[PDB]
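A.B. asks: Kindly produce the complete structure, drawing on both the sequences and the hints.
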Amino acid sequence: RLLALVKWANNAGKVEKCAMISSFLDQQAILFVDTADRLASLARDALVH
Amino acid sequence: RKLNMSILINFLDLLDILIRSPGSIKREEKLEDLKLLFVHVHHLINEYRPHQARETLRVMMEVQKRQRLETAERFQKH
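Just so you know, the sequences run in chain order A and B. Add 97 to the 1-based position in the first sequence for full-length UniProt numbering, that's all there is to it. Add 78 to the 1-based position in the second sequence for full-length UniProt numbering, that's all there is to it.
Any given hint might turn out to be false.
[What the hints assert, rightly or not] Calculated cross-link-like contacts (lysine to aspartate or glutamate; reagent style EDC-like; alpha-carbon spacing at most 16 Å):
no.	chain 1	residue 1	chain 2	residue 2
1	B	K113	A	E113
2	B	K113	B	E148
3	B	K104	B	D94
4	B	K80	B	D111
5	B	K104	A	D142
6	B	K113	A	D134
[Said to hold, decoys possible] Take a look, some chain B residues computed to stay more than 12 Å from chain A by CB distance:
no.	residue
7	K113
8	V117
9	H120
10	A131
11	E133
12	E140
13	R146
14	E148
[Stated by the list, open to error] These stretches of chain A come out as covered by chain B in the derived footprint (C-beta under 8 Å, 3 or more residues):
no.	region
15	119-128
16	134-140
Think of the hints as simulated: they come from the structure by calculation, not from any bench. Backbone N, C-alpha and C fix where the C-beta goes; we use that ideal spot for every residue, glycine too.
C.D. replies: In C-alpha cells:
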C-alpha cells in the first residue's frame, strides 16, 4: 500500500491543480447566488420601506 | 423616464458583469448602484404625494360646489 502511494506520487500535482480548479468554480457559483440574493434583499426589504 | 431607462440599462450592465468578470469589484458598486436608482424612483413619486393631496382637496371643493347648486335647482323646481 506504500508502493501504491509512491506510485501515485507522480499524479499528485495534477490533483493539486484539480483542487484549484474546483475551488475557483465553486467561488464563481457562490458569486452568482450572492448577486441574486442581494437583488432579492433589495427588492423585498429596502424598497418596501 | 430617465430613471426607468437607467434602471434597465444598469440591469443589463449587471448582466455584463455576470458574463465577463463576476469577481470584479464593480458588481458591489453595481449592486449598490441600481439601489440608489431605485431610491430615486421612489423619492420622485413621493413628491407627487403632497400635490395629489392638494389636488384632491380641489376636486372635492368643485364637487361640493356643484352639489350645492344642484340641490338649489332641484328645490327651486319643486
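A.B. asks: Each hint should be assessed against the structure and marked as holding or not.
C.D. replies: Results for each hint:
1. Note on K113 (chain B) and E113 (chain A): the hinted pairing is violated, with a Cα-Cα distance of about 41 Å set against a maximum of 16 Å.
2. A distance of roughly 52 Å separates the Cα atoms of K113 (chain B) and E148 (chain B); the hinted pair therefore is violated under the 16 Å criterion.
3. Between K104 (chain B) and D94 (chain B), the direct Cα distance comes to roughly 11 Å. Compliance with the 16 Å bound is thereby established for this hinted pair.
4. Between the alpha carbons of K80 (chain B) and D111 (chain B) the distance comes to roughly 15 Å, so the proposed pair stays at or under 16 Å and holds.
5. Restraint check: the Cα-Cα separation between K104 (chain B) and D142 (chain A) comes to about 22 Å, which exceeds 16 Å; the hinted pair is violated.
6. A threshold of 16 Å between alpha carbons decides the hint, and for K113 (chain B) with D134 (chain A) the separation of about 14 Å falls inside it, so the pair holds.
7. Distance check on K113 (chain B): its Cβ comes as close as 5 Å (rounded) to a Cβ of chain A, failing to clear the 12 Å threshold; non-interface status is violated.
8. Not every C-beta of chain A lies more than 12 Å from that of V117 (chain B), the closest at about 8 Å, which undercuts listing it as non-interface.
9. Chain A draws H120 (chain B) into its interface by the beta-carbon criterion, the shortest separation being 7 Å against a cut-off of 12 Å.
10. Here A131 (chain B) stays apart from chain A, with its beta-carbon at least about 21 Å from theirs, past the 12 Å limit.
11. At roughly 26 Å, the least C-beta separation between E133 (chain B) and chain A is larger than 12 Å, which holds for a residue marked as non-interface.
12. For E140 (chain B), the condition that its CB be more than 12 Å from all CB atoms of chain A holds, with the nearest at approximately 35 Å.
13. For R146 (chain B), the shortest C-beta to C-beta distance to chain A comes to about 43 Å, beyond the 12 Å cut-off, and the non-interface label holds.
14. Even its closest Cβ contact with chain A, about 44 Å, leaves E148 (chain B) beyond 12 Å, as expected for a residue assigned away from the interface.
15. Note: the region 119-128 of chain A has 3 residues with beta-carbon separation from chain B under 8 Å; the three-residue rule is met and the coverage holds.
16. With 3 residues carrying a beta carbon less than 8 Å from a beta carbon of chain B, the region 134-140 of chain A meets the three-residue requirement, and the given coverage holds.
Violated hints, listed in ascending order, are 1, 2, 5, 7, 8 and 9; each of the other numbered hints is respected by the structure.
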